[PDB]
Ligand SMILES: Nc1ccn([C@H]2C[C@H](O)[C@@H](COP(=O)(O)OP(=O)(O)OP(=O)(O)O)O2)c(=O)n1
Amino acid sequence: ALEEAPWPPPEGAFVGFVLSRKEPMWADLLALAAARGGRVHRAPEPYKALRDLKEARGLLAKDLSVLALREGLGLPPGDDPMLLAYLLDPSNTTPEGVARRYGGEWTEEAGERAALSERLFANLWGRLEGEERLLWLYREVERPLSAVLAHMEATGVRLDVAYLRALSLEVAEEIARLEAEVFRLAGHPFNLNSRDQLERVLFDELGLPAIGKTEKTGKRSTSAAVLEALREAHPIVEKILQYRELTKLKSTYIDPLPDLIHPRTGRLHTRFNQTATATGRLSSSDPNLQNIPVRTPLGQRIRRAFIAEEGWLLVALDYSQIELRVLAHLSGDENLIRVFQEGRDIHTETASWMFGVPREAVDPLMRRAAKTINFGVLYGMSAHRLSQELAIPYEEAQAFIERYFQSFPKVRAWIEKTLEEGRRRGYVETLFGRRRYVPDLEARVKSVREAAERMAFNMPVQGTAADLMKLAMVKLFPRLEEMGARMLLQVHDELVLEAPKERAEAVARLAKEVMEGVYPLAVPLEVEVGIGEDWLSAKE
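How about this chain only, in the form solved without the ligand?
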C-alpha cells in the first residue's frame, strides 16, 4: 500500500517539492516531502523541514538547493534522475517528458514527486548499466556540476542600474528617431512592431516587390532576408531593420533586467540549466546570455551593465577557438594541428595554408575568409552563405571552401567518418562519450537529411567544448571557495568570476591554469583572461 510515515525521513531519502513558480530564487516553497522504499514522509512546515535534509536528492535537485541557499541553508544537490535521463538521450529535458517516456507521472504533489524521483532513479540507473563513459560523465561532470550551478544561480550578479537607465534612454531616443523617419516615408503612423501592419505598408501602400511568404499563415513576409533585396534601393526598408534591432535589444536585454533584481539580494539571479540542449552546452535564462549580440557596440554595452560588488572585480576567462582546437584533436589533421602549434594568430595562420603564402603576406580580407570558414566548417556553412558573409561571388566562395579542405583533408575525412558512425549506430558522440541520437540521417527528404547531417557532425565538436568547460568548472570551484571568490556566469566558451580586488590577480592566474590544463588534447588549450569592474572592461 501507499506507506506514509512522519517527518523527518531516513537518510538517503529522495525529495519532492512544489514551488509557487518555476524560478527557485523567486518562489515560495509550498510543499516538501521525501520518499525511501516507496514510503512517503510529508513535511508539516516545509521551510523548517529543509534543515533536516543533508542533501537534495531527486528530480530538479539543483533547484531545491538554490532555494535552500537563498534561505541560508547548505543543501547540496546529489543524485537527480533528470541528469541520468539527459545522459541517456539529451532530448530528455523535463521531468514531465522523462516520466512520460520511462514511467510514472509528474504531478503537482510533493509526495508523489518524491516517490517518482526514487523509482525513476532506479529505472534509469539500470538502463545505464554497461555505459561506462556516460556513467563517468554522471560522476565526474553532471553531479558535481549541479552543485556549482546551484551556487552560481543563488549568488547572482550585481547590475549597474544607473548605467542601464542611461543606456535605456539612449536607445529609446534612437528608436524614436527611426520610427518618425519611417512614418515620414509611409506618410502616416502605424504599429511598426506589427508585421501585419508593416506588410500592408510595404507591399500594398508603397507597392514594393514581395519575395517570400510566411511559413504558416501564407502571407507576404517582411523578414530580413526578404527585405535584404530591397535594402539598397529603398530607404524605409533600412530604417525598419535598424528599428527592429534596437527594439529587440531593448525589449530583451534592457527593459527586463532591473525587474530581475531580487529585492532580498540586490542581485540578478540568472538561471542555469544543464539538461536543456542537444549538444551538452549549458543554457541560461532570465536572461539568456547566449543570445546577447556578440557583434555590434550594443551587445557590448549590455555587458557593461554587469558589475562587480564594491571592493571586488570581475575576472573573465574565455577558451580561444576551442571548437576548432577540438576539431583538430578529433580529426587528427596534421596541418590544422600545425596551425595551433605554431601558435601565432590562428586565422592568419589558417589563411596562409589556404592561400599558399607566408603569414606576412596574408591581408585582412584573406584572414577574414579563413576566420569565417574556421567558424562555418563546424556546421557545414554553405557556399551561398559564405558568399553573402564575405560579399564575394558564389563560385569564389566554393573555391575558398575547397581550398580549406585541401589544406586540412583529415577535417574533410572526419566529417564523413562521423556521418558514417551516425548512420551505423543511430547516434554520434563527443570525446567523452556524450551522446546525441541522429535518426534522420536516413531521411528520404534531402533537405531534412542534410540538416540532420549538419547537426550530426557539429555535435561532437560543440559537445566536447561544452564538457571541457564543465569539467573546468567542477575543478575550479573548490579552489575559488578557499580564496573567497566565486563563479557567477557561464556563456559560450567563457566563464565570469568575482573576486576581492586584492585577490583578483591571483584568481585570474589560478583559473587560467586550471582551465588550460583541464584535459590534454593534440593542441594546447588557450585561455584569454581580463579583469575589470564591469564585464565589458574584463574583456581584454
Given for the second form:
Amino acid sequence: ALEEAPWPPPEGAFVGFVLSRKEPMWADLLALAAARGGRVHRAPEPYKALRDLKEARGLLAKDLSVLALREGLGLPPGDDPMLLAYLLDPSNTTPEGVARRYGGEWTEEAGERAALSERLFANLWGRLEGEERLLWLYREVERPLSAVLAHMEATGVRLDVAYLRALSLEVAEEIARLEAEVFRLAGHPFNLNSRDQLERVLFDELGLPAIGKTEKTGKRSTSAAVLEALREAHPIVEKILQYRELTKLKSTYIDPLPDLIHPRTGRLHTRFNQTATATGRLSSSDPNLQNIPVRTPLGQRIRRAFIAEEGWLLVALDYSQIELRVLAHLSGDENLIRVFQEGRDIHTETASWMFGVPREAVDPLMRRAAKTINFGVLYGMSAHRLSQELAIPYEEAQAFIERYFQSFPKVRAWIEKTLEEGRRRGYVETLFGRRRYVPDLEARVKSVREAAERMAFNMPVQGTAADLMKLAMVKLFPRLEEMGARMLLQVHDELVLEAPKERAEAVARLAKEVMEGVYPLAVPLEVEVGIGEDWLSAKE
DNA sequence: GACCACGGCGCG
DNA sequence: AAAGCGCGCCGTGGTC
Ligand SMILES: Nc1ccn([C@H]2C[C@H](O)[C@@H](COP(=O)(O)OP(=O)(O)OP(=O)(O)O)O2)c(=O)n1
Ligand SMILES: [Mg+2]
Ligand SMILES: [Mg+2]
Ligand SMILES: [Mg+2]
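For comparison with the form solved without the ligand, produce the structure of the form deposited with the ligand bound.
Now the complete complex, all chains and molecules, led by this one.
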C-alpha cells in the first residue's frame, strides 16, 4: 500500500518497531520502520538506524524512547496514539484494542506498525477536536509526562542485592519453622501454598466454621480476613497467617528482585504504564515498584534494600491526606475545608479513636491503619466489614459511618450529584476533565449497579489526585535536571528522587514547593518530605 | 515451555 | 468474607 522508500525517513515521520520482549530495558530491537507522506521506510539495521531519528512518534513511543536511552541516545517520545485513545476512553489500554477500534490491526511487523501509528494518529486527533479539556490534558500532561517517564524507566533504582540474598536465607529458616508446626497441628503434611488443600484441612478435617465464600467459585475462603476471625478457634490459624506473611514477602520481593538487576546499569528498572488504569493513575510493572512492603517489620526490612547511589541521597515526597484534600475541593464541604485550613489530620484522629489513645500517642503504624478505615468508609465500606475489621459491635461500626458523613454533610450531596450526572452522560470526570465511562450506573441488578456507583464516585477523587501528581512531575522534571538530580519512582501520590548529597536539601525544598503549588485548590496541598540513604529512612 | 482463571495479598 | 476504590504478581490448578 505505502510506497517503500529507502531509510532514513523525513522528520516528523511516525515510527513502528518490534521488540523481542515487552520490557524495553531488556528487549532486543528486532526491527524499526517509519511512515510519512504515503511512504514506508524500513531500517536495514535497527540499532544503528535509531540514531537517525530525532523523536519517537507513534504507538508506544515511550517504550522505544526508553530503549534509545538505554543505548545512550537522547530520543524523546512525542505524539502517541495510545495517549489520545486513553484520554478518549480509559478502557483503551492496549494497542491491539485501540487498533481494532480506531482503524487497523496491531501486527508483528515494524513497517505495518509505522503505517498504523500514522493512520491511528490522524483518526484519533480528529476525534479529539472540540474536546478542549482532553486536548489540554494531552498537551500539558500526558504527552510531556511520557518523556519524564522514559527517563525514570531508563534511570532505574539501586538495590542492596547482597542484603536481600542474606535476608532470603534467614526467612527460609523461619518459614520452615512455621510450616512444620502447621503440619504437626494438621496431623499430616500437605501443600500449604494450596488454598484448596488448606480449605479441606481447616473446614473438613479440623472442622472449623467456614465464614466466607470465594467470589467466582463459591469455595470456602481461607483469606486473611477469615483466618483473622478464626484466630481463637485453633492454634493452627495464627501459624498459617504468619506463614502467609513470610512466603508472600519472600516469593514476591526477596527472591525475584535481586535477579532483575540490569547488567549495563547495575540497577533495577520498572515500567511506568501510562494507559493502564480506569482512573488516570499510572501503574508499575516488571517489576511492580509501587507495592514494595512497608507495613510489617519484615516488609520494612525489605524496603531498606532500596538505596541511593554512593555520594547521593534519596528524597521521598508524599502528599498529605491527598484524596481527602481533593474531596474537600470537589465537594466544597465547609467542614472538610476547615479541617485542612486548621491543619488537622483525619488519619490521626480516626487512629486515636480506633486505638483509644490521645492523638499525641498515635504512632505511624496506627495512623496507617486508619487510612483503610477512612477511605474504606468514604468509598462505601459496609458496617459489617467495618465492625469486623475493628473488632467492635455492628452497632458501633454503623454509628461511626453515620458520624463520618454527618461531619461532612456536602460529601453525600456531591456523591449524589456525581452519580446523577454519570447516569445522564454515561461517564464521570475529574477536575481537569479526564473521563471514565460507567454504563452500569443503570444496571437493573442492584449489586451490579451499586458496585458501579462506588467505582463511579471514586474516580473523580482518585483521578483528580492522579492528574495533580502527573502535572507536578511535568513541572518538576526540568528543575531537577538543572540541579543534577534524578526522578526515580512515582507511587501514586509520592515521588522518590535521587540527589547528589550536597544538593539534596535544596532539591527537597524545591520539590516540596513545586508539588504543593502544582494547582491551587480550595484547601492547601501539603507535602511531607524526607531525605535518607534508603527508601525507609527517607520517609522518616 | 506457554496460557488462563482464581484466590489471595502486597501497595496507593 | 462482608457495599471501599485503583492496581500487578504470586502459586495452584488446569490446560495445551
Ligand atoms: N487504603 C488506601 C490507601 C490510600 N488510598 C488512596 C487515597 C489516599 O489519599 C491516596 C494516597 O495514599 P497515602 O498512603 O499516601 O495516604 P494519604 O495521602 O491520604 O495520607 P498521608 O498523609 O499519610 O500521606 O491513595 C486509598 O484509596 N486506600
Ligand atoms: Mg499521601
Ligand atoms: Mg503515599
Ligand atoms: Mg485478578
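Residue numbers count along the first chain shown, from 1. Rigid core: the largest C-alpha set superposing within 1.5 Å between the two forms.
*Asks:* Superpose on the rigid core, then report which one of 282, 411, 202, 154 has a CA displacement of at least 2 angstroms between the two forms.
*Replies:* Comparing the C-alpha positions, the one residue that moves 2 Å or more is 202.
*Asks:* Fitting the rigid core first, would the Cα of residue 266 be found 2 Å or more away between the two forms?
*Replies:* No, the C-alpha moves less than 2 Å.
*Asks:* Using a rigid core alignment, state whether the CA of residue 372 is displaced by 2 Å or more between the two forms.
*Replies:* Yes, the C-alpha position differs by at least 2 Å between the two forms.
*Asks:* For residue 358, is the CA shift between the two forms at least 2 Å following rigid-core superposition?
*Replies:* Yes, the C-alpha moves 2 Å or more.
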